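A.B. asks: Below, each chain spelled out in residue letters.
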Amino acid sequence: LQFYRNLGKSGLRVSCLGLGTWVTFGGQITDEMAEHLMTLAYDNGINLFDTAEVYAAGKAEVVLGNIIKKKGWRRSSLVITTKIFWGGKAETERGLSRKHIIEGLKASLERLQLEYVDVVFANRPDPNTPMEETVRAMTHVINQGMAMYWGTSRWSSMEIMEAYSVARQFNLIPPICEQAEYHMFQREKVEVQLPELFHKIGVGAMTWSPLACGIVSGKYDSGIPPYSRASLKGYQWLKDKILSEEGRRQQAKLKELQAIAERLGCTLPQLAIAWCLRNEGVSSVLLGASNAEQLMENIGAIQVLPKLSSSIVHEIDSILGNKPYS
Amino acid sequence: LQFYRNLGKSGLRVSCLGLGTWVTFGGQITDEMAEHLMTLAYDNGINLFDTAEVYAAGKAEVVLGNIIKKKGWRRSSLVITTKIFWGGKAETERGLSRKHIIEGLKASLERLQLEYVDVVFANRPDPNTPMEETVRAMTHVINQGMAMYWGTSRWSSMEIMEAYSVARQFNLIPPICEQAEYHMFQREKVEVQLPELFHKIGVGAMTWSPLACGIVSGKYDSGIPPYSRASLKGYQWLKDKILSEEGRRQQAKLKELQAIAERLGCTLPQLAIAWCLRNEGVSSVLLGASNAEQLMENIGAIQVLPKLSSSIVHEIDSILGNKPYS
Amino acid sequence: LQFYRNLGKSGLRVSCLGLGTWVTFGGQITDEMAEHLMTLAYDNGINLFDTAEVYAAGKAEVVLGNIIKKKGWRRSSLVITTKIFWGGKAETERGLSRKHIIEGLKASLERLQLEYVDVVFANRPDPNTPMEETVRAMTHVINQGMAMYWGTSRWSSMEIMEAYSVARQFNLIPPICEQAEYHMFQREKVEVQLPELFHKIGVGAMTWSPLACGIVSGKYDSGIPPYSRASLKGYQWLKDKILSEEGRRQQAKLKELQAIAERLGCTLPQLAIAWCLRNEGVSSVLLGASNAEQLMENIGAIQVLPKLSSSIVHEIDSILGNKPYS
Amino acid sequence: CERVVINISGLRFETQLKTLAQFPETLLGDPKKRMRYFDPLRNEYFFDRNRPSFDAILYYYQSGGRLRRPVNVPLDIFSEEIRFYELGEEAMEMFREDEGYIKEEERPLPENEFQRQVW
Amino acid sequence: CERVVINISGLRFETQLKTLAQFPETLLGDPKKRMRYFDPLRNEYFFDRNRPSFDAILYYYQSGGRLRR
Ligand SMILES: NC(=O)c1ccc[n+]([C@@H]2O[C@H](COP(=O)([O-])OP(=O)(O)OC[C@H]3O[C@@H](n4cnc5c(N)ncnc54)[C@H](OP(=O)(O)O)[C@@H]3O)[C@@H](O)[C@H]2O)c1
Ligand SMILES: NC(=O)c1ccc[n+]([C@@H]2O[C@H](COP(=O)([O-])OP(=O)(O)OC[C@H]3O[C@@H](n4cnc5c(N)ncnc54)[C@H](OP(=O)(O)O)[C@@H]3O)[C@@H](O)[C@H]2O)c1
Ligand SMILES: NC(=O)c1ccc[n+]([C@@H]2O[C@H](COP(=O)([O-])OP(=O)(O)OC[C@H]3O[C@@H](n4cnc5c(N)ncnc54)[C@H](OP(=O)(O)O)[C@@H]3O)[C@@H](O)[C@H]2O)c1
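Chains as they are written, first to last, in the working numbering: chain A, 10 to 335; chain B, 10 to 335; chain C, 10 to 335; chain D, 589 to 707; chain E, 948 to 1016.
Hints listed in this document are in silico derivations from the structure and should not be mistaken for laboratory results. Among these hints, one or two may not hold up.
[Claimed, not checked] List time: in silico DSS-like cross-link candidates among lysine-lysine, alpha-carbon distance up to 25 Å:
(1) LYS115/B to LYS979/E
(2) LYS332/B to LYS979/E
(3) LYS115/A to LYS332/B
(4) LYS98/A to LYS78/C
(5) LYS198/C to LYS78/C
(6) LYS606/D to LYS209/C
(7) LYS250/A to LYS264/A
(8) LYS80/A to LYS115/B
(9) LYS115/B to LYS78/A
(10) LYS198/C to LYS18/C
(11) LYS965/E to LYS198/B
(12) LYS332/B to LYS262/B
(13) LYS209/B to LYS262/B
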């Protein structure tokens, strides 16, 4: 219904759909495609773009940066996020130490050709760095105006709660967002644990992989298509998931869901993406796309949203059989 | 009596009259007129100049900036204020989010060709942004030395109290000022609610629209003169007020007040402006003027100030009939 | 076992061996040797390089800086430390006053040709400067991003505890590290007092002079070799130690230790350096070397580390006779 | 071990989260129930209630179930607090009988419910 | 709900503003009356008075009118 929404309880307003740059930018797709993909997302009102130092060893950032600079879009109209954790081969080039958060963000910001990102994320938790150091560094880079806000990714509730608690202890800035995985086959965290953090400390969920890497598109029904992600060099891990006992158990479930899709008169991907947004707990879904067809289709998930009755939902829940007890 | 006075309890000293730039600068009047209008106000001791990102879509700021730079006035002799809230058509270009306060003020400051403003205002309250984020952003831009101080505009007492309270909670900077509407037909807030905040937390009132957009000048007695504000493209809202049942009820009251005006040997506008300053609760009145005649006349309100006996006041109160029970 | 380890409990990761620049850089050895010495240490995985404003009156810093800039090593892969206390002949050019910490670090940073060091150290305690001023200055330079972290050198537990305590009092940054002397003939502090601070407030020991200035190499058995440190102009103090009653008492003890060395099939220096790392309380040992032979040998201490059984240790303890009661 | 700040009218109490998890049916033991009193600005649970009582309420959890009325707190007041904090009817009756109030020197079902002949 | 800090000789008390608004004629219930004891630096009302008593005074408001010494 509402295309824009507060990221958690922060005053930051995001389109309910964002465009990511994992696998694709500076990697799988060309820069021409990337530009086209961004221009499309932007012209349809998407203001949220997610990247990371790790993606294509910085190249995703270079490309995203170039597009922004080429199109001459007003910075105030964009919400750019980047994630920090893996920034190089040297020992001190990874993690959430003050040294890496600073050096990492600075390197990212340079590649992006931006003075700041809107949200900077801890890309995963760091058992080797005290919370206090991490929260201080995040608070430092915001105060340096290198970020507007900060967020966590793949942290547990306790980890997020701890970060928040430490911020209140030392009068620092709490995180506003957790970037968590969410699709029909990965629900536990976003559906049980995150809403409690949202109500308690106002942290919002910005979710990733709504098509579970393309799996939910159904395209893997008969195996590994050429030019699919599972087919790419260095995605054997995914190919293995897809062709596993559990991977197949899933594709069987897709066939049933496909029935529900044709009934609402939409594609399966649209249903799945729309399914992720079905609850106000989720602030935005980060899309992935290797072409303009995939993206324009995915944007269509929004039209599906009011078609998701509580009965269509209970129906999907039955076929999936993976609704987590709260 | 005292031409300069502390803005609230801050150490900032303002002329009891300021010159605004709403409607006029970069809009209704020419840049030559604007320059002349500023030079006049300045040479008569006015140090207070109010603008906003919203005004003439930034053009008021461009013009005010040019004048300052042309006349080569010493920055330390000027008190420049700007308001932030509506800064563009994109979703993230409005409100009091950290992102917009920073990007908004920065854009303003660029247009103005200044390194800082003296006071930055929340142009209205923002229900979509937590107080903490707003107070932090305001405190951030002051620490960046982009503003000397910050203020609220059109906030309620509770909203101002909340901002103050949050500042004390997190050891941030409380606001020093509320920019509120005040004229003979709009008294409630400035006369009841604001003095309590002044005595309690030292917030001062810097009031706007002392002539209720020109209405109090009496010039609308027989209708809509050509080249009056109500006549301008995009001020139908005002034309409608003026020609309403209540709008007319008022103009009838002006005719009576006009008697009191000729008795003190001053114009009606001078009485009204002087009437706003009659209480030490009001720190400054922001004037509007489309010509030098209007401005030089309005500055004359000061001579009227000692002529305002408690009996002249009780008299005005009777004819108006709108004195708010405290 | 583990070549990299957290410096104390900070997220900063250091090679268990670092290379210092005392006596050698810009002093005893040539810049060609210095470069070669650094390139060697670096290519063997050492990321830790220690210097000080005092060393060769700034010249050690100039040389270390040049090498870094010549080799074009990525800053994020290096951990540069410098110590501050003695920065010149004028009264205000020494100590831990806000003035000197700032001016001192800034001067160092300029010489180094770096925007920041990773850790800045109080080079010794300052009885003439209140703790609060020192902790504030250290916290200031970190916030200015001139250092990532700060540490103490030659402070007592109480002094370190006091610095920590003051940081918590005023919400500042506690120190992460004490740079203390540690070798077979100087054990008391690192073995008794520092582990308590590590467990309590997470301060790590980065130790210096593992060969007690070359003494532990055994090279002084028959006196003062030419081109040895004790032979250098301005190291009479050391020559005197070496040829003292106690200095000789020690060299006799080296001869016994040499037996243990040939039994483990390593040199004496390797045993001593490895001996310093034997306990997880020690985060890194800062090496000194006047040639590439001395350095490549010293790096070999790591191979000796698993050969240090609790019985080899009790054996060394007996011959030394200086194990401190805890 | 994560810790919890409970603010009873300005009087700050601190305990461990597991100390409270020891009685999951009580208000403070139940996340959904206490969620309503959480102040995100201060990271504490605020209760606009009786100060002298809470001492014992918190000690109940720490002691693993001891519930004694502080000698300076009236009977009717302290009882109301037990009721608010939802300590449970078991803990409540143990308190009732420890406080010095006996209602059942009885055989449970005889005196009250009795006779099966409606007549 | 806006909250109020009452400082009785260093002993900090906290209540809701509506809890006090329940008795508008009393000193603490009356904005004009308590205004005199407000500390803008600390955002609290300071009273240089008896500590052991206030406990009951505040409970009076919370209990809706119970006043026990
Ligand atoms: N916070 C984190 O740790 C984290 C982790 C991962 C990702 N992310 C972010 O989240 C974003 C999510 O991206 P994702 O890769 O996970 O997205 P996804 O929705 O799970 O999958 C997108 C991929 O599936 C295929 N696909 C997309 N739309 C399709 C359609 N309509 N029909 C058929 N196939 C379609 C596409 O190309 P193919 O042809 O190659 O299959 C695309 O690359 C990333 O870009 C990244 O920014 C964050
Ligand atoms: N904080 C806020 O949300 C807020 C809101 C509004 C304004 N403000 C500020 O406050 C300032 C107040 O300006 P205003 O427009 O409200 O002022 P005003 O005093 O209510 O009216 C000024 C207008 O009335 C007419 N007028 C002025 N003097 C006159 C005179 N002596 N005789 C006859 N007509 C006269 C003028 O031109 P015409 O010929 O066109 O009538 C002028 O444009 C603004 O410039 C702005 O900076 C702040
Ligand atoms: N925090 C502080 O107050 C403090 C104080 C002192 C030092 N430090 C730091 O710690 C570092 C430790 O250096 P150090 O001078 O104390 O080191 P050391 O290990 O005690 O001695 C190194 C010196 O002994 C000789 N040597 C080194 N390896 C040898 C080997 N394998 N065989 C025979 N001789 C060998 C070398 O040259 P020669 O031929 O000239 O003997 C070298 O200059 C310094 O560079 C400095 O950065 C800190």
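A.B. asks: May I ask which of the numbered hints given earlier this structure violates, with the numbers listed in increasing order?
C.D. replies: 1, 3, 5, 13
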